[PDB]
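All chains should be built: construct the whole structure from the sequences, respecting the hints.
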Amino acid sequence: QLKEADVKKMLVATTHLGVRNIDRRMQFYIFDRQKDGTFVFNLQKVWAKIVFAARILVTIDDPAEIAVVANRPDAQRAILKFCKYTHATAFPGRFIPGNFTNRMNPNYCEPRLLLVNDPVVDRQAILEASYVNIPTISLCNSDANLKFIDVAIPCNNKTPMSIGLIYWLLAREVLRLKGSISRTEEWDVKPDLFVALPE
Amino acid sequence: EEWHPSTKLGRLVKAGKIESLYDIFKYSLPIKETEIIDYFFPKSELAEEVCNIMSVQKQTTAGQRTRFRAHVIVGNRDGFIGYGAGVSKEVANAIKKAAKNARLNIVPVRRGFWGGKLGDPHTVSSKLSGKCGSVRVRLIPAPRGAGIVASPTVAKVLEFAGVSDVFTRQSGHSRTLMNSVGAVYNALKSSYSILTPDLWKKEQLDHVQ
Amino acid sequence: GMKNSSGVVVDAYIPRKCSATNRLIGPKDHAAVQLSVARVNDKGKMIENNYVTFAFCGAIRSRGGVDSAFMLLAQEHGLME
Amino acid sequence: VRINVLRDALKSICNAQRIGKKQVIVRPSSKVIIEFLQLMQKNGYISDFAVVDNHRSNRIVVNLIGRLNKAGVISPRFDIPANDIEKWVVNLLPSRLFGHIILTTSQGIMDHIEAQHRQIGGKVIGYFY
Amino acid sequence: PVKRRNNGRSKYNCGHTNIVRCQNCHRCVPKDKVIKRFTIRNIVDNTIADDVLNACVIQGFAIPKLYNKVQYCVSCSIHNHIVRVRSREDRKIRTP
RNA sequence: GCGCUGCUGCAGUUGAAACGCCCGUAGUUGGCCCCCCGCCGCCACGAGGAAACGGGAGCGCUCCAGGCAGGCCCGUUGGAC
RNA sequence: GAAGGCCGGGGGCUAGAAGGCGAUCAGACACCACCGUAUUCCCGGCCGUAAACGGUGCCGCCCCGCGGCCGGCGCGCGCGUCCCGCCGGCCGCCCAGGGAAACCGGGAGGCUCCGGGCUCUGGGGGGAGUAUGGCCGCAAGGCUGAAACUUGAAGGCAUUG
Ligand SMILES: [Mg+2]
Ligand SMILES: [Mg+2]
Ligand SMILES: [Mg+2]
Ligand SMILES: [Mg+2]
Ligand SMILES: [Mg+2]
Ligand SMILES: [Mg+2]
Ligand SMILES: [Mg+2]
Ligand SMILES: [Mg+2]
Ligand SMILES: [Mg+2]
Ligand SMILES: [Zn+2]
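Chains as they are written, first to last, in the numbering used here: chain X, 8 to 206; chain C, 2 to 210; chain R, 2 to 82; chain E, 19 to 147; chain D, 8 to 103.
Honestly, the hints are just simulated from the structure, not real lab data. Backbone N, C-alpha and C fix where the C-beta goes; we use that ideal spot for every residue, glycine too. Worth double-checking, as some hints may not be accurate.
[What the hints assert, rightly or not] Here are the simulated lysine to any residue pairs, SDA-like style, with alpha carbons at most 20 Å apart:
hint : chain 1 : residue 1 : chain 2 : residue 2
1    : E       : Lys40     : X       : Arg32
2    : R       : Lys29     : C       : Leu10
3    : X       : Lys154    : R       : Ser63
4    : E       : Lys88     : C       : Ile195
[Unchecked claim] Far from chain R, by Cβ distances over 12 Å, these chain E residues were calculated:
hint : residue
5    : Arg20
6    : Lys49
7    : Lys105
8    : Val107
9    : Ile131
[As the list claims (entries may be wrong)] These stretches of chain C come out as covered by chain X in the derived footprint (C-beta under 8 Å, 3 or more residues):
hint : stretch
10   : 5 to 19
11   : 30 to 36
Here's what the structure looks like:
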């Protein structure tokens, strides 16, 4: 269920605005096009997808087996806070090929679930996961290729605020589902932490 | 000294948590350590064989650089077969690498009956076809007592896999040994991937493992 | 489930079937994955530890469309519909 | 020009089933197609189907369940003597335990098992497994 | 084997095209296969344009330009470095 | 052997090989539709028509290649099909 | 039915087979420079060949995704030669799939799990598109088309030097 506060936060975050391009596998999440040509997402669809992804995440008993990968400079802070609060594992910076197949790599691990922010910028890890029977969940913009993408979250992934907001909502939902916190009381953490800060 | 598991599956096999190889195959888990099988295959139930050894040269500024490529197969004669290759400056090292690779990759083989059903399965479940390079193979189930009608190279693979009745046909350039062995290996591998009316039963999935 | 002349199953093991395409998953299909989804109490906010399992083969994943299949399967198995 | 409607229908069916679809549309319906589909349904391969009347070569819609593995036709319908069926079974089918061969006889369209039961022959139409 | 999908020419929806003559060797080449460049230059080199303007009596005069289309054959373009031999992957690039 | 004569069952962008293109007779191939009548093809059965060879029931030429025999209380002994 | 070529009439500027001449060279009757006949142009008529190439026969079905251009039509609005579509055509990249691979993917896919319909061609390399016959043509030549004998490789795609 989507509440007025959530929709207003998403709207101020410009989460529903995409790109001029469109893919046939995302037309179900598109609600309208603007005069210039930018596509407009559907807030209920993305909310339901976030809920579904949070459920899937909580299905895993050990948070240490979840890997978060992001080469985007803006995402770094959001993914770091997401992992710190959820006690997961992060792969900031460049992703070294062989991190999942070469056991002699200094940074080599056997994750059970993989999370990505953009297939185009992190496609190297997606193939690696495909080599070792690892599902992946990614944030997909209007124009995305869903080759080996099990779950796609329809959202903006270029603006700094949208990236941080989505991770914050996901963390809130997973923590609530875990039973630590309740729905009625607003989370003490403010979304501003996940957003990158200049200087 | 002692074998130290370098993988989660390796550690689990170190413990008694996993009791059979079919428990690994049924989830398509890769095998990366030679111990994951020998612990399941301690006795000399399996058997190794060298098929072909070929020398390959690389022209350089002053003379040629020679090397050897080897092919090895392994099986227990009970629905298990493996095939691998290795290359090295020394023949023995190439043989060791090929044996390790053959041990690493292995697949179960499905066996069935020709017409009448009685006793243990003796021939392939149905028609199996394989491809590699220009070589194609056909395996047709045969009646009991028909033996193996195949070339000496392919017959060795069939015997290792544990099949006593089968009709074979080979097409293409069969004198290229590695491609023929690969074609038969792929045909055998495809066996546990064909749906039959006996497997139509709808089973609910289990959360455990 | 290849029965013998006496009705005794003589198949070594029964492989899995893709929850969407109803296709056997081979022993070497390394793009085959299985997921779980958790059930939520009446009060919400809490999982009852009852999970529903799914499996998907490599071909559908490579071709895409696993998202739509997952959506329809969840709707059929749950209240999302 | 269009000649064999059944071949087109079967090719479309297999093409749709390959990529894990759920419904197919075949354009030119006919009685032979309907009997073929009835037999496939009876053996449990293609669930149900419907025929849409447009007054011009009715269409038809079928629902799949990912069980069919291969279907085809024999274009020049040869004659099969009642005692010459096992050769064709060996040549065409993966095994003698499963698979079906369709024949048209003076008694109607039937599986080769039924024809063997009644010790009669006829013309060959197709096969599936 | 085939080196290019276009066969070294831009010929679509036709059987024959009119010919042209190379401006360096006078070879006969098809219009669709010849290498063409358009150039715009001053009649006077920029070094002495200022001197000419100083000498000019007219007020508000502007230096005229020259508009020429140069066409070259395959052999001459390579010889004069108009185009270069590229790698197999670079051959697909169509941007200057 | 040889799926190197390919009906089952070859090949025809680069290895040998799609007529420069169009019209066109002979020839070959031709959407869907009427439940019951006639004809043609088709399937099954049957009659009629030499054996020998081939298959095949029975028989211990010491076995075998073979042949149609043998003991006794024999289908009317048998040589069936 | 390109170009060249031929027959009979017109026309005569450029270029230019043949021919001549100056250079270069050991030689140069070739490449470079200069002059120049037939031809190049029109009318009437023969010839009937080309890497006449997409080196891919014609009809018909299904088929990932993205995009550009041409012609026609319809929808929507804030009326722009806007954007959303349909049919037909010309193209580019490309997941599967296929293939010896280069590569094709509007098929060279749906095919050893090898049957939609029709026509033509090929069976190791030379001898040889030759000899002898036949038809056509003014001719040049075109269509059709062997044998004896000889030979162990000839070829395709790709890798390292
Ligand atoms: Mg070349
Ligand atoms: Mg042309
Ligand atoms: Mg050639
Ligand atoms: Mg050729
Ligand atoms: Mg002329
Ligand atoms: Mg040709
Ligand atoms: Mg064929
Ligand atoms: Mg051949
Ligand atoms: Mg020859
Ligand atoms: Zn020039």
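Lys154 (chain X) and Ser63 (chain R): Cα distance at most 20 Å?
Judged against 20 Å, a Cα distance of about 5 Å means the pair holds.
With the threshold set at 20 Å, check whether the alpha-carbon distance from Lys88 (chain E) to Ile195 (chain C) stays at or below it.
Holds, because 12 Å separates the two Cα atoms, which is no more than 20 Å.
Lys105 (chain E) remote from chain R - nearest C-beta pair above 12 Å
It holds; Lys105 (chain E) is separated from chain R by about 26 Å at its closest Cβ, greater than 12 Å.
Measuring Cβ to Cβ, find out whether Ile131 (chain E) lies farther than 12 Å from everything in chain R.
Its Cβ never comes within 12 Å of chain R, the nearest being 19 Å, so this holds.
Do three or more residues from the stretch 5 to 19 of chain C put their C-beta atoms closer than 8 Å to C-beta atoms of chain X?
holds (count 3)
Below or equal to 20 Å on CA atoms is what counts here, so check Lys29 (chain R) against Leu10 (chain C).
Judged against 20 Å, a Cα distance of about 16 Å means the pair holds.
Tell me if the straight-line CA distance from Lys40 (chain E) to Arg32 (chain X) falls inside 20 Å.
holds, 17 Å
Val107 (chain E) remote from chain R - nearest C-beta pair above 12 Å
holds, 20 Å
Just want to verify: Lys49 (chain E) was marked as not at the interface with chain R; is every Cβ pair farther apart than 12 Å?
holds, 30 Å
Any Cβ of chain R at or closer than 12 Å to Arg20 (chain E), or is the non-interface label fine?
holds, 30 Å
Can you tell me if the stretch 30 to 36 of chain C counts as covered by chain X, using C-beta to C-beta distances under 8 Å and a minimum of three residues?
With 3 residues closer than 8 Å to chain X, the stretch 30 to 36 of chain C meets the three-residue bar; holds.
Hint compliance for this structure: every hint is met.
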